[PDB]
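Participant: Could you put the whole structure together from the sequences, leaning on the hints where they help?
Protein chains: 6
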Amino acid sequence: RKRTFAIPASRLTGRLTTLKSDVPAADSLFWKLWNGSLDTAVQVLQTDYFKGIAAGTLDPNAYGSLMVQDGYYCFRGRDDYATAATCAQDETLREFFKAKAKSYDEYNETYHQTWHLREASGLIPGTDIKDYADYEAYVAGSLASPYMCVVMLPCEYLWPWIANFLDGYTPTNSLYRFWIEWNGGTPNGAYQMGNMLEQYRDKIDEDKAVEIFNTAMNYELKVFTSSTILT
Amino acid sequence: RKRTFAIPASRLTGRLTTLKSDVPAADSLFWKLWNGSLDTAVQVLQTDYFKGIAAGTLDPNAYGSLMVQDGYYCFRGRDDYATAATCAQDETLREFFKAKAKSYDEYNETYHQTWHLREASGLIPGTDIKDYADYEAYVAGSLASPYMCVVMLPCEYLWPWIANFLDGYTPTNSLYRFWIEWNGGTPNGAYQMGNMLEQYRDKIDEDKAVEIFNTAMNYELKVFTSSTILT
Amino acid sequence: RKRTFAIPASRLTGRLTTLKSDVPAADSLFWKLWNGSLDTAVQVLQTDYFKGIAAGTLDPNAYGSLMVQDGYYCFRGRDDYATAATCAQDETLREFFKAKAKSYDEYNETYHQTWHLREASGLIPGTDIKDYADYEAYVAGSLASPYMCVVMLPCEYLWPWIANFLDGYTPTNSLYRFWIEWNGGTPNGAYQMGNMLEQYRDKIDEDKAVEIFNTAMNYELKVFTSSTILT
Amino acid sequence: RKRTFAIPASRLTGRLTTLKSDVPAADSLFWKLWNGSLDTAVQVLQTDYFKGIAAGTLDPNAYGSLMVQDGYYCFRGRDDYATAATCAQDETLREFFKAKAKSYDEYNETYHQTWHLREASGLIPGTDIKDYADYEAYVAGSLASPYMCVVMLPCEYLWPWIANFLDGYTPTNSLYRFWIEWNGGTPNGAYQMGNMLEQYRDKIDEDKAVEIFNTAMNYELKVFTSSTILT
Amino acid sequence: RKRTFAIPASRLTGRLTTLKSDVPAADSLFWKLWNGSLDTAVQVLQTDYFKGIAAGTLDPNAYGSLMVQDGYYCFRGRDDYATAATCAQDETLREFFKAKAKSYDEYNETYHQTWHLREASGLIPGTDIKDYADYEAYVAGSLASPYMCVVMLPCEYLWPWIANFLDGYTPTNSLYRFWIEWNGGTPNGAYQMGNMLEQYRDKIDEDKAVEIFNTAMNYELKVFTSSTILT
Amino acid sequence: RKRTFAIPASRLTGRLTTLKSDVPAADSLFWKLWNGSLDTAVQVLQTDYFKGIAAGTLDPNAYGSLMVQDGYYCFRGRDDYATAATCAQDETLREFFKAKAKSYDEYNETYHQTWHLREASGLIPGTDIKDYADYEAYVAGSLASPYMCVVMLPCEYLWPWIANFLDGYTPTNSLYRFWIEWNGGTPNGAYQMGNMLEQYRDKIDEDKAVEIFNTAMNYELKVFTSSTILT
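Those protein sequences? They're chains B, A, B', A', B'' and A'', same order as listed. A prime marks a further copy of an entry chain. Per PDB author numbering, residue 10 is the first one in the first sequence, and the count goes up by one each step. Per PDB author numbering, residue 10 is the first one in the second sequence, and the count goes up by one each step. Per PDB author numbering, residue 10 is the first one in the third sequence, and the count goes up by one each step. Per PDB author numbering, residue 10 is the first one in the fourth sequence, and the count goes up by one each step. Per PDB author numbering, residue 10 is the first one in the fifth sequence, and the count goes up by one each step. Per PDB author numbering, residue 10 is the first one in the sixth sequence, and the count goes up by one each step.
It is possible that part of the hints are untrue.
With a cut-off of at most 27 Å between alpha-carbon atoms, the simulated DSS-like pairs for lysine-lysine come out as follows [to be verified]:
hint : chain 1 : residue 1 : chain 2 : residue 2
1    : B       : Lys41     : A''     : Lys217
2    : A'      : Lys60     : B''     : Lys60
3    : A       : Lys60     : B'      : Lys11
4    : A       : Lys212    : A       : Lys11
5    : B''     : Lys60     : B''     : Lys231
FRET-style restraints, in silico, Cβ to Cβ [stated by the list, open to error]:
hint : chain 1 : residue 1 : chain 2 : residue 2 : range
6    : B''     : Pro180    : A'      : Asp99     : 22 to 30 Å
7    : B       : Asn44     : B''     : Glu118    : 20 to 28 Å
8    : A''     : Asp48     : B       : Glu100    : 35 to 43 Å
9    : B''     : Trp40     : A'      : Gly150    : 32 to 40 Å
10   : B'      : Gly194    : A       : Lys11     : 36 to 44 Å
11   : B''     : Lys11     : A''     : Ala35     : 31 to 39 Å
12   : B'      : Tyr147    : A       : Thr26     : 28 to 36 Å
13   : A       : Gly65     : B''     : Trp40     : 49 to 57 Å
14   : B''     : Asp143    : A'      : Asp36     : 42 to 50 Å
15   : A''     : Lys11     : A       : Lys11     : 42 to 50 Å
16   : B       : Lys29     : A''     : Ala35     : 33 to 41 Å
Bear in mind the hints are in silico, worked out from the structure with no lab data behind them. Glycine included, each C-beta is placed from N, C-alpha and C at the ideal position.
Facilitator: This is the structure:
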């Protein structure tokens, strides 16, 4: 239920032994990326989806419809991390990506068990989630390894950020209060990936990283915007 | 998204031209079946699922989780009518089953489109819905044609009966009021199939028909009961 | 306040020493009778009276108006049990009926004390409650002793059944929640009378018993239906 | 069911032709009486009964229990006017009291019809309502005619005064809003009887009038206070 | 926060050592004054201001607007007590008034600190509060010392009286429930001043005292009536 | 009481004739400033103050307490524009600042009239609002004219931006819905001042402008944060 893709302490082995989950430093690429897309994050808060979460009035059909699509996304995201692991020549990143794929596998049992979804091929994605997933797959299979940390960061940081923002706007007895509880708290998975990414920032083009991060943030916005248009 | 599987007037052609959807007569097999399972129907009203619908407090995860499983069930149900048509004892029933399969195809667009489900094989059914679908497939492929009308009747009459019962218990401004609107009103699909069944009443063993209808009703109860157990 | 007409353990004396209040067996006349009237019970749940109880919106004038009439009914019901005791030649039934009259006397203090009602003759019954009470009196004074157990069973079983059904539909903080509390729980009085009746089932015509039980159930429905028509 | 005991225009004939229902003059005995008991009226507003009316949370058993007792009170009140007419000091007052008895008869249809009460003798009054009715019967049968106008005034003015005070405190959609609608508006019955009283003001001892009015007001308070004690 | 102007035990020194805060006797000038203005108090309860307090719907702009004006009033009231102390030749009243001015100073820190108000001259009073304050100042500076106890009594007794009246009408979870809590309880300050005043009742004209008290009560009503007319 | 400080068309005369209030271009200094402080704006949304506005539960004492301080701030702000006009580097800016002072005078009627505040000197500002006003006075009197446009922009854009964000989070029937209505819509005053600023962009140091705008934004945050601490 708790939505996290962090690598747990028990799997911080080998080259990952010293990987930390503390908040990245102010001058990190992680905060540079986030700060640059903050206008998009605010637009996410302005969607009918999140206004419905806070009010308790989100159409249960919109909620469920998006959950199925998020299953599709997460099934593919796990495969993207497996691809990134296969394609990495850097041993630390191979181990990191392999462990991230395992974290996705663990989280994804909610889709298999609670939501009765077998695999991505048994779903028909909407255009926006399909485009988003295809973009991530492109990054995983075609770009340098550290860009995978960039493109996957929005989905790991944005959701807790939204949850922590909406906490004080979502009454504890309201119907979608569970969304806050499942997603909110310290975004340790995001921070952990931010701390991994910082160690490779010299190996990538930061203007490219900005573009990739912004593009993924724009897809998050598209997905949430379209989620409540059931027409 | 009106939940109906009725054969529309435009498709009542050939052998089906004179098939009516008026309420079956009091002495029909249709009412004999329904009246004998009324204790089960009352227990469906006592499930946490329907108490949640009426109060507007059903967990959206329960609602969605069950909807995915109903997609599985309806995808299979369509295939069962295709099987029954292939096995049909006469041309009238072949046409009836083909028309029912098409009505399922039309309704099933909601599962493909709104719920993003491709096909039954891409879902992992829970035990109760799997057992139910397997039972319907057994009837379609192994028993005489008229028993298909019997086994498929509960899902066509029960849901409207529940909606119509709960209408006065479910406030018009409540979150799951849509359930009443989409399922309630005159159960013309059920009446239509009861009227078809009545024409083959002399062709079947009424005690076996009761057993089959009661089994399907019991599965509806089991499915609705298990729907809110997300453990 | 707790609405029960059971004979308490302290008055299970003499021939009644061994009378049990456990649930009657599945093959009992008690369940045969109930199962046969279940459609009527469902119609009772569809009345504006019970929809108002569950919603907390029942007009307090309708509530009170029916309570006065129920005082009339219960005053007469006590007298009917006294009649049945007088008219019984079977010693066990004489003792049973005498004890039931005493249970009615005890319950009826709520009408004398809380509702300020002196006796039936000081009230003007509505047509439906008058007809119902006259029917019970006819059974008591004109038919064989065991039919008195039949005709009085609906009022003892239906109300707890309704309360137990509506429990999960009636919020604990709503205005008529007390109705659930006063009437719900194990229907021990009904079961006890069912266990008495079973011992005489060989002495009556079961088709007649069905008719009597169904008629009383139909009166319950009439009374509840008319309760909210204050025009 | 507008609660009024006013003599309608159609019955203002003979000696009553010119009787007005305009607000009594500031210097009238009517206002002298009312103003002197205003502390009691304020205490009626502080009862649990009226706090329940305003909040919509008055126990329906308290509402109904008191209504039965008000039936007792009004059945007797009608008889008191009949007595006062028999004892009347002059023809004008005979006609006034007869007209008031008929207004009670008209209003009392609500007790016979909606509340199913036959007559006072079929009710068991609580202590406070019994004491109050006995006091009114004492005035009607033992004191000079004009004092009847004095003792019966509280029940005609207080209830509208309470309704009009609570109007702005009782939401239009609340369960006991009907109380405001049925009792509020212009207290024309009270004004009418005040205007009759004023014509006999020189015939009575104003200190005795104050004692009598204050006693009746104190009984209204005691009745409303005890109404919610269902112990 | 607790709105009291009582002199605390620690400042009951000198001539004030024996001053009590128990309820004044029934025959006191205090109750004579209050009883005579009770109709005005009831009109205060009928204002849109208090209907808004009880309902939780009072416009926060009306609430705040009046609070600023009450700061003005209380700033001036403190000065009035200082004037009364200066102008008193009776040593007990000098000490009393001096201590009352100190109680006002203590209460008035809420206006300085929470409401950011420096002094009366920095505010622009509405007509009604200005007239009220000017009347009090006239009494303080131009009439015999004991009349100061008379004119200041309404503001000390009326507010707790209103709070204690509205307690049972103001839900504990409603937005202005704090008003009840801050103002309600035993009106010890009012009683204390009533007990002081009783010792000088022989030294003033009680018809004049009535006029002064009634005039101040009428100003309270004017102030509350105008508070919600922001046009 | 629409909160706007825009110069109305009737006062766009002389040098101001062609001043527009259209949205500034994407490359303007206006948007550069705003975009750089967006993290602060998001933190304003996270204050207890705005969570209270959206929920309708903001303590009316917090609302009013802050309103008094905003009066202080606006009284001073008007004086700051008067100072800036006296110090103006050219005639166009002299006219602009004079027009802005008049717009403040017009708006400030709400503080004089509804809130009964005479002038800044009659208020005791809290620390944060004092610091903020002192900073604006420093800019007006000590720095080059165009920086006045920079420091005063946050209070003109932030409030509408907040209102427009919270519109979909604040129910139309909620107690502080008026806040959305009075502050929201098109921020034409802010756009107008941004368009004036843009004409002097070559006259200022953009890094200093960012520092100044960021300081004012940080003060808005501090003020809103401290507003609900009534300790």
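Participant: A separate judgement is required for each hint: does it hold in the structure or not?
Facilitator: Verification of the supplied hints:
| no. | hint | verdict |
| --- | --- | --- |
| 1 | B:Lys41 x A'':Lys217 | holds, 22 Å |
| 2 | A':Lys60 x B'':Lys60 | holds, 14 Å |
| 3 | A:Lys60 x B':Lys11 | holds, 25 Å |
| 4 | A:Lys212 x A:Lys11 | violated, 33 Å |
| 5 | B'':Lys60 x B'':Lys231 | holds, 16 Å |
| 6 | B'':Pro180 x A':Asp99: 22 to 30 Å | violated, 54 Å |
| 7 | B:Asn44 x B'':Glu118: 20 to 28 Å | violated, 44 Å |
| 8 | A'':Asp48 x B:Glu100: 35 to 43 Å | holds, 37 Å |
| 9 | B'':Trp40 x A':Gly150: 32 to 40 Å | holds, 37 Å |
| 10 | B':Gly194 x A:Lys11: 36 to 44 Å | holds, 41 Å |
| 11 | B'':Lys11 x A'':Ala35: 31 to 39 Å | violated, 56 Å |
| 12 | B':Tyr147 x A:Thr26: 28 to 36 Å | violated, 54 Å |
| 13 | A:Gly65 x B'':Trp40: 49 to 57 Å | holds, 54 Å |
| 14 | B'':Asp143 x A':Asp36: 42 to 50 Å | violated, 33 Å |
| 15 | A'':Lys11 x A:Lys11: 42 to 50 Å | holds, 46 Å |
| 16 | B:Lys29 x A'':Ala35: 33 to 41 Å | holds, 39 Å |
Checked against the numbered hints above, the structure breaks hints 4, 6, 7, 11, 12 and 14 and satisfies the rest.
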